[PDB]
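Only one chain comes next, encoded as structure tokens, the form deposited without the ligand.
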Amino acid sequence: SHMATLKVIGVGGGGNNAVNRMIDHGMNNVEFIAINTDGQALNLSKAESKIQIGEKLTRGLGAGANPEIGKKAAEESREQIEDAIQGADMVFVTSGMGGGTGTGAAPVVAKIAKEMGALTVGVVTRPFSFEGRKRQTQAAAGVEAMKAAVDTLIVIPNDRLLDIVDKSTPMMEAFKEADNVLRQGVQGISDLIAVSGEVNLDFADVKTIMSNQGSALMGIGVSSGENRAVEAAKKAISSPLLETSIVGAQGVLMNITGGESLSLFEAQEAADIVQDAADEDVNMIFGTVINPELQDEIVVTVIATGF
């Protein structure tokens, strides 16, 4: 029997903010690593494993928007990064693009993870338009470098946060909504790995859907009542925060979890929703889990690739 090790690695300020908020919210069986040039921020990290990179280059400060310094910092700490990753079967690298440490170091961290044998997923933000064109261009180069280094990449443009707030929503509450993309994806995969299903999916199926694929979508939806399966499936695939929507997906892993009432008909309905929304002939990997503790709730987990 296989026991997959999942790790989440925050790189730079926004990545380490996401790690801190995920640890606060509560996650289990997931190991966290914080990587930064900024020593003061690392002192505030809740991560069990902390790597300060680039101290000779930055004297414990951030990289000051210089991605070449963030890249050199990570490269010069390769052995320390390898040691922290060793043993991971899957690594999620999260970082905010546009600055120096995230833009420059995150693609190096991802390359090291993949070289170490981990299935490597990047979840990164693009800067708000109000941060200006140069930051957006620098972030775009980081995204391209990430894409070349990971198995799959999920990009969250921060401008989409402006579509989900009202005029008073606290900035921190908006940031938590972006964190949910990563957190719910990690949780969904962790649950798929650990919980035996009646139509069982495991980590090998995650590897098949994700390995060397490029852009990806990861989503969870939960609903109850009439039309629950369709409603949960639509929620799983319809996040307003994503650069890569479901449209165009050629491969999908879909798991449905429900109670003993889970019907064959509604499983087909959920699968058809995903395929219809992809508007492609999708190569599906389908799973089902019966959790009797659940009563009327249904949970649909989707990972889509092949764009």
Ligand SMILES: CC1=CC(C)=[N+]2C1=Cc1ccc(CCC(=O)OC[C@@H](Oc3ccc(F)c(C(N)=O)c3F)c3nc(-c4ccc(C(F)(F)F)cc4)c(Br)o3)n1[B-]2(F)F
Given for the second form:
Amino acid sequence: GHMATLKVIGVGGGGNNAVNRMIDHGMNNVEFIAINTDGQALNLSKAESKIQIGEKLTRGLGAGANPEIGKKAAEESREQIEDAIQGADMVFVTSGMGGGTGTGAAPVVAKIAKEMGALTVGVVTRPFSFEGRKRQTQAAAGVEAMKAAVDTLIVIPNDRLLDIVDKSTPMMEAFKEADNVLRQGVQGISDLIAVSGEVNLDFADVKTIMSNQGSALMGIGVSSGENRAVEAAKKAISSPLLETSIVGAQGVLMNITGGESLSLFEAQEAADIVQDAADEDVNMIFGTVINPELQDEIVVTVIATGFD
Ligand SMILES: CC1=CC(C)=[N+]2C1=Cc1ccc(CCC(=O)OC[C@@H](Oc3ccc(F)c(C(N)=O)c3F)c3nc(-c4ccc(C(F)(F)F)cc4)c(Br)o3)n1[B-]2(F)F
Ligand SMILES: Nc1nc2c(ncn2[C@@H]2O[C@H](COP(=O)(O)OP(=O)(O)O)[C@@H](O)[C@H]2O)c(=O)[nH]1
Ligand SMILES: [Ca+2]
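To complete the pair, please output the form solved in complex with the ligand; the form deposited without the ligand was given just before.
In what comes next, the whole complex appears, and the chain from above leads the way.
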């Protein structure tokens, strides 16, 4: 045995960007890997591990919006990608769909990770509508290839970022909001592995809900005071940024963390919120953690799968 190990792999520009910002934000117990055709971007990566793919193919340039180049680049560097993944129990592959490198290389990276035995989760963006129909169509083909290669896929349409900004919100601030989805998902699973809960969930439960599943929702809700459990549950299952909503979920992993005041009744309330919002009979795998360092705060974390 061993404690399950997580790796986060950014593929292409947006994925590299997300890795850098996640490192800026602070992340423990996760190995970051930056993968790119673009050697200039890779040289600026904050990631401990860097893989320049397609050296012979692009000679250190990007893939110039041709997803076939990203795919061939990943295939040319297959052994390097294998060596960088080796040992991971879980791999998150993050990439912006629509360009040349991520669209083509990220599904190959995901396929390698899954063939190497890792639980493989993709977190990808679709391009803004203002980038045009061709970019959207190219990205859609990437999303489909991603879905065929991963265990579970989280898709963030970049157009959703236009729903959470005002007319002055800096573009980089909007990008950081999108980063929260992956980042807090990683932090949640890390905490799940590391702590023996009063009603415990561990990596085998993660595998049961996420293995070979397709579309997924991951979310988290923190609340306090009067209706804290219902509120936190509602916040966990309702991100404005995700393409896949909770509605239709057949499998759910749900954890509630609270202080010593965490009540049985409010645990039921929270679990019921997820049940009814799913509008399905949900196979729930339910966990609970008492963190006495919490006072009046409750945290609800949800991963939902089983839509397809
Ligand atoms: C700044 C700030 C204030 C507050 C309040 N916070 C902040 C920042 C962050 C960042 C993340 C969080 C909340 C994390 C969370 O609470 O996660 C619970 C985790 O579960 C656990 C955890 C421990 C256990 F002992 C057990 C168990 N019973 O042994 C247990 F179950 C959990 N992770 C997942 C999960 C499932 C799928 C996915 C994927 F994306 F991969 F698809 C990711 C995560 C689930 Br489902 O559950 N905060 B935050 F605390 F809100
Ligand atoms: N949300 C977000 N989307 C991004 C970011 N960077 C790029 N994108 C999106 O990702 C798409 C592909 O860009 P990029 O990753 O640079 O292309 P690649 O390097 O060829 O894979 C773009 O068309 C944008 O829609 C980012 O930092 N955040
Ligand atoms: Ca646990």
